[PDB]
Amino acid sequence: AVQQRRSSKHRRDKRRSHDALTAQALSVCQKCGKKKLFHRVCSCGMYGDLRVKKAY
Amino acid sequence: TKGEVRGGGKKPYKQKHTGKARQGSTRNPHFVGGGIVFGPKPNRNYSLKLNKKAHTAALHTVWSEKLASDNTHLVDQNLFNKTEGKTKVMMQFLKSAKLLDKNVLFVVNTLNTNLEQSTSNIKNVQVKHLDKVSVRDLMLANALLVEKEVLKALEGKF
Amino acid sequence: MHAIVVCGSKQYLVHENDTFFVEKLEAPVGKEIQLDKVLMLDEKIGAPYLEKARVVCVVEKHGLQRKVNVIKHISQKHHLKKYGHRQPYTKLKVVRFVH
Amino acid sequence: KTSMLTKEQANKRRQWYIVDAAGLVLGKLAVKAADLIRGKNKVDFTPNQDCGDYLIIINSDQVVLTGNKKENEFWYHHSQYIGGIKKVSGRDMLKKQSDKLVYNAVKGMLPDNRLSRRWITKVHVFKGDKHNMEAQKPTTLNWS
Amino acid sequence: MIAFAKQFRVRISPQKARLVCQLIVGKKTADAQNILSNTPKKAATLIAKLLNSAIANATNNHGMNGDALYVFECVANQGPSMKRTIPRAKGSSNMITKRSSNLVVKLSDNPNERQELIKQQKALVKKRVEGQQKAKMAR
Amino acid sequence: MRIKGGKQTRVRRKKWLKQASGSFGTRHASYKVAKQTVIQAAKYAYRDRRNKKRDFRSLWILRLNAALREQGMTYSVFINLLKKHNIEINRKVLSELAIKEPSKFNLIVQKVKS
RNA sequence: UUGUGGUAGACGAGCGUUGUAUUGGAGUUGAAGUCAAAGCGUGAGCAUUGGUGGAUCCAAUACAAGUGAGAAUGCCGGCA
RNA sequence: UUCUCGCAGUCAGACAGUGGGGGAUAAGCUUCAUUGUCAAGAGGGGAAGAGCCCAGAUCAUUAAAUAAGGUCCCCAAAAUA
RNA sequence: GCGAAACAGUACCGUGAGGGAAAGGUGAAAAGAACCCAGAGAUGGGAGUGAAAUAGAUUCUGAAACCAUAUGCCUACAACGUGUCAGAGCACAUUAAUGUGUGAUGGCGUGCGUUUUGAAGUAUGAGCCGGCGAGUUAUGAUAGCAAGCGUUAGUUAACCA
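Protein chains in written order, with the entry's author numbering: chain y, 2 to 57; chain c, 54 to 211; chain q, 1 to 99; chain i, 3 to 146; chain r, 1 to 139; chain p, 1 to 114.
Incorrect hints may appear among the rest.
[As the list claims (entries may be wrong)] Not the full set, but computed from the structure, chain q residues with beta-carbon under 10 Å of chain p:
(1) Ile-4
(2) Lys-10
(3) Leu-13
(4) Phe-21
(5) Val-22
(6) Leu-25
(7) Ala-53
(8) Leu-64
(9) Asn-69
(10) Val-70
(11) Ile-71
(12) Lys-72
(13) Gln-76
[To be verified] Below, in silico cross-link-like pairs of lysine to any residue (SDA-like), each with a Cα-Cα straight-line distance of 20 Å or less:
(14) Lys-3(i) x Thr-19(q)
(15) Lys-4(p) x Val-85(c)
(16) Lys-61(q) x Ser-5(i)
(17) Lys-105(c) x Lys-176(c)
(18) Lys-37(q) x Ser-5(i)
(19) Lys-109(i) x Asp-55(i)
(20) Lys-97(i) x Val-66(i)
(21) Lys-42(r) x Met-64(r)
(22) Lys-84(p) x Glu-101(p)
(23) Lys-67(c) x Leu-19(r)
(24) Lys-42(i) x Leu-59(p)
(25) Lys-113(p) x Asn-86(p)
(26) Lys-81(q) x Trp-16(p)
(27) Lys-176(c) x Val-186(c)
Simulated from the structure, these hints should not be mistaken for laboratory data.
C-beta: ideal position from N, C-alpha, C; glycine also.
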């Protein structure tokens with residue numbers, strides 16, 4: 002159904018207290034200076050000392 | 054007023070089985086655009102009737118009060134021709150009579166053109182006929198210049 | 001030493017150079033009032049008072065307490081009233097008392 | 003106007019006390035324990051701040067009652083699930099949980115305050131005659 | 001020494017912008033782009049450009065450092081909202097709200113500016129009390 | 001001549017709101033609810049203006065009784081021996097405050113006994 | 001000296017807004033509205049300085065009112 | 001509180017004691033008289049209430065003695081036979 | 001305020017007779033922003049103009065419900081119409097005021113209107129906020145108060161100046 006008394010700003014704040022997004026982990030590529038994702042390739046391609054994509 | 058303005062006389066909603074209120078004509082005072090319940094009408098006399106004897110007594114009292122004060126003087130017909138339509142002579146006379154910060158009101162029984170033409174470009178003073186002066190005008194001046202000839206009609210008027 | 005004084009409508013405990021507050025007595029600051037109604041000066045018990053026992057006191061200041069807006073509201077009936085009041089008082093200290 | 007009545011400023015100096023329950027009746031023992039814990043007879047007691055004492059009680063199972071309450075006075079404890087009514091007699095509590103009996107008895111008379119659950123934790127009982135608060139070096143007194 | 005940058009009329013919900021701002025607030029600028037442009041959030045991409053512009057303004061238009069600066073405050077304010085309509089069942093009429101937002105960022109050169117604003121507030125109340133004293137001294 | 005009330009309405013509403021300070025929730029901002037809140041606050045203040053006079057007398061008697069427990073006699077007989085003989089118009093509040101200086105109230109405890 | 005709980009409702013004594021009449025005054029050396037203060041009255045209320053802001057406004061006495069907002073499953077507009 | 005005159009509002013009462021009617025000496029029932037309360041009136045006792053008991057709250061005070069009730073504690077004060 | 005201050009009976013709704021809006025104001029003058037930086041761009045920051053750019057085209061004044069950020073204070077064993085009276089602890093210093101902000105803890109407590117024998121209500125009306133949002137006026141009468149005239153008194157109405 003619907004609410005019978007209005008929800009206060011305190012109620013919504015306590016409800017959204019869990020809204021904070023997590024800090025995603027990063028990693029530094031071994032040949033292209035940049036902060037890429039983790040277990041993931043960067044904009045150059047060398048996921049390791051091994052490539053896969055052409056340029057992007 | 055409510056019914057004078059143009060507007061739909063239809064019900065905006067069915068009276069029952071609707072969420073909104075019972076409000077009827079859309080030109081009621083609740084809505085905007087007009088529909089004032091109570092407002093002034095162009096037929097109101099605003100007259101304040103007072104008995105004649107009371108008015109005459111008040112006029113006599115104000116004459117007596119302001120006549121016995123050291124700010125009113127006598128003026129005769131002789132200098133109504135020395136003073137011309139030009140206000141330069143009038144300004145010099147006002148400076149001589151130290152009335153530059155006063156509001157003296159004139160009263161005469163001749164109504165000469167020379168006096169009336171002057172003092173019309175100044176708001177401090179004004180000329181009036183005996184038959185038209187009122188109590189408020191008589192007392193707001195705080196000083197009077199009265200014509201000698203007018204005294205006869207003044208005492209006749211009681 | 002320890003003293004018990006009576007003034008205005010109440011009693012107070014008095015030490016050396018101590019100050020307290022009482023109701024106004026229509027007395028200006030500067031005159032030394034000799035409080036007469038004192039009870040239980042140390043090591044002396046008098047039944048209604050202590051005879052010919054007075055404490056001298058110089059008035060310090062005149063003061064007014066904070067505003068108090070008392071409102072009596074009758075619930076769900078056509079009634080609503082407001083009232084404010086201030087109670088003047090005098091701050092006064094002690095300088096000397098005699099046994 | 004006023005003398006600004008003195009009130010305590012959380013001065014909590016609290017002694018340790020031991021009472022010998024050599025056959026005391028439960029009610030008088032409970033009221034005396036409540037009096038000792040609350041500090042009600044303390045010269046400058048203030049009920050606005052915590053000011054009491056620690057009470058150690060010995061021989062919980064030696065506490066005896068008067069009259070026929072041994073088969074008449076019953077204690078009921080409730081659990082939030084329906085049908086959970088634990089019913090116990092005087093002798094059963096005397097033999098099974100006598101520490102609980104005196105603990106609840108002294109807890110009940112405390113005023114229903116936020117400090118009630120903080121004032122109660124200052125009592126301690128033992129079935130036998132051995133205690134663990136010896137490190138506090140407590141002083142004992144009878145009939146308190 | 002603040003050198004903040006503003007931005008108006010962004011098509012994004014205020015709540016997500018506040019979320020990402022709170023996620024990014026309180027750090028430096030080098031880690032900012034890495035911790036901001038690597039999150040699946042639409043608002044993050046705009047804030048990336050906003051922070052780049054803020055860094056450029058700080059380094060060029062005011063003569064600040066390039067390493068001591070750090071982000072100080074990221075907020076999200078409800079911008080000019082626009083209202084449209086959307087039909088419902090049985091000819092129902094509802095007013096749908098097309099939300100907008102306002103996004104600004106702030107940079108600092110040193111750990112203070114949490115007290116300098118307090119310093120200015122103290123100066124303001126000092127001015128008020130000094131004016132009160134000066135008015136009282138006219139008896 | 002139409003007159004609209006903008007100034008005095010705002011002044012009254014702001015004055016009403018200002019008295020609602022230190023409250024909880026939106027009761028410090030919603031004028032329609034703030035006025036009710038402060039009205040109830042005033043009612044409670046009036047009632048407690050006598051509740052405090054009751055409670056302070058209660059506490060004074062409690063502390064006097066507690067102090068008397070160290071001498072052997074009970075509060076009632078102490079009050080009697082104060083009144084029916086050795087008459088003393090002395091404050092119960094100050095008789096309690098006499099404990100701040102030790103052993104001074106003990107002099108009265110001894111002397112009240114004829 | 002007595003008396004002062006109190007709805008309907010009779011009755012006295014009052015404050016506030018707008019405008020007119022006047023005598024006095026303020027006004028880019030800063031008025032109004034407006035923001036914040038830890039002041040003054042038995043009252044509806046009223047001072048003060050500080051930022052806002054760029055033209056009207058204030059004291060006192062009378063007169064005359066579209067003149068005092070908490071609802072009307074109220075009305076528009078904005079917002080939870 | 002009797003008298004001319006200005007202007008009213010009020011026509012749904014309830015409860016407790018007392019005496020009866022209806023009811024079956026049943027109703028937090030109804031219909032009356034009568035004594036009070038609430039109605040339109042605060043606090044204390046009765047645990048919590050509009051009627052029960054004390055009673056008249058003009059405000060402030062951290063001052064005294066009682067009314068109904070109560071005195072191991074909650075929760076104010078006591079013991080003696 | 002005429003429904004209509006702006007290209008209002010228009011936009012819009014209805015096949016129809018017809019119903020019927022809403023929003024005005026920069027700046028003395030555009031002098032309405034060369035040029036640089038970031039961004040592809042809008043745009044923003046610098047520069048400059050201008051007395052003022054917190055007057056920047058969102059264009060006089062900019063309160064409230066909205067939500068952000070932060071100094072100072074408090075809370076994660078606690079039964080709460082949330083405030084009052086005491087009361088530390090904490091930090092601060094005011095229209096100098098027996099000062100201010102917060103509230104660990106203790107005493108107490110069931111809103112406001114309306115209609116009601118009777119309201120915390122398990123009757124009712126209200127989401128908040130801002131504004132608008134009803135006892136007047138014309139013509140008569142009675143009565144109180146006050147005034148002129150006074151005991152062959154008093155008074156004008158329409159009307160003319």
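A quick look at each hint next to the structure:
For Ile-4(q), the interface hint holds, the least distance from its beta-carbon to any beta-carbon of chain p being 6 Å, beneath 10 Å. Residue-level restraint check for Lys-10(q) holds (minimum Cβ-Cβ distance to chain p is 7 Å; threshold 10 Å). Here the hint on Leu-13(q) is kept, as its CB sits about 6 Å from the closest CB of chain p, short of 10 Å. A least Cβ separation of about 15 Å between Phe-21(q) and chain p goes past the 10 Å threshold, and the interface hint is therefore violated.
The closest approach between the C-beta of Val-22(q) and any C-beta of chain p is roughly 14 Å, which is over the 10 Å cut-off, so the hint fails. Against a cut-off of 10 Å between C-beta atoms, the interface hint on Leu-25(q) is violated, since the closest Cβ of chain p lies about 20 Å away. Taken as an interface hint, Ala-53(q) does not check out: its beta carbon lies about 15 Å from the nearest beta carbon of chain p, beyond 10 Å. Evaluation of the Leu-64(q) hint against chain p yields a violated restraint, the C-beta minimum of about 18 Å exceeding 10 Å.
Interface hint status for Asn-69(q): upheld, as the beta-carbon distance to the closest one in chain p is roughly 7 Å, under 10 Å. Satisfaction of the interface hint for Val-70(q) is found here, the shortest Cβ-Cβ separation to chain p being roughly 6 Å, below the 10 Å cut-off. Checking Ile-71(q) against chain p: minimum C-beta separation of about 4 Å stays under 10 Å; hint holds. Interface hint status for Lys-72(q): upheld, as the beta-carbon distance to the closest one in chain p is roughly 7 Å, under 10 Å.
Below 10 Å, beta-carbon pairs count as interface contacts, and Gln-76(q) has none with chain p, the closest being about 12 Å; its hint is therefore violated. Between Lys-3(i) and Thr-19(q), the direct Cα distance comes to roughly 12 Å. Compliance with the 20 Å bound is thereby established for this hinted pair. A threshold of 20 Å between alpha carbons decides the hint, and for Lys-4(p) with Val-85(c) the separation of about 15 Å falls inside it, so the pair holds. With a C-alpha separation of about 17 Å, the suggested pair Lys-61(q) and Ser-5(i) falls inside the 20 Å cut-off, and the hint holds.
About 31 Å separates the Cα atoms of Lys-105(c) and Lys-176(c), which puts this hinted pair outside 20 Å; it is violated. A threshold of 20 Å between alpha carbons decides the hint, and for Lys-37(q) with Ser-5(i) the separation of about 17 Å falls inside it, so the pair holds. For the proposed pair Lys-109(i) and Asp-55(i), the alpha carbon gap of about 15 Å is at most 20 Å, so the pair holds. With a C-alpha separation of about 12 Å, the suggested pairing of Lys-97(i) with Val-66(i) holds against the 20 Å cut-off.
Our distance criterion of 20 Å between C-alpha atoms is broken by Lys-42(r) and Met-64(r), whose separation comes to about 30 Å. For the suggested pair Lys-84(p) and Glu-101(p), the alpha carbons sit about 27 Å apart, so the restraint of at most 20 Å is broken. Restraint check: the Cα-Cα separation between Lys-67(c) and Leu-19(r) comes to about 47 Å, which exceeds 20 Å; the hinted pair is violated. As the CA atoms of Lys-42(i) and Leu-59(p) are separated by approximately 11 Å, the hinted pair is consistent with the 20 Å bound.
The straight-line distance between the Cα atoms of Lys-113(p) and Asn-86(p) is roughly 9 Å, inside the 20 Å bound, and the hint therefore holds. Proximity of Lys-81(q) to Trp-16(p) is assessed by CA-CA distance (about 15 Å); at most 20 Å being required, the pair is judged to hold. Taking the CA atoms of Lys-176(c) and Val-186(c), the gap is about 17 Å. The hint holds against a cut of 20 Å.
Going through the hint list in order, the structure does not satisfy hints 4, 5, 6, 7, 8, 13, 17, 21, 22 and 23.
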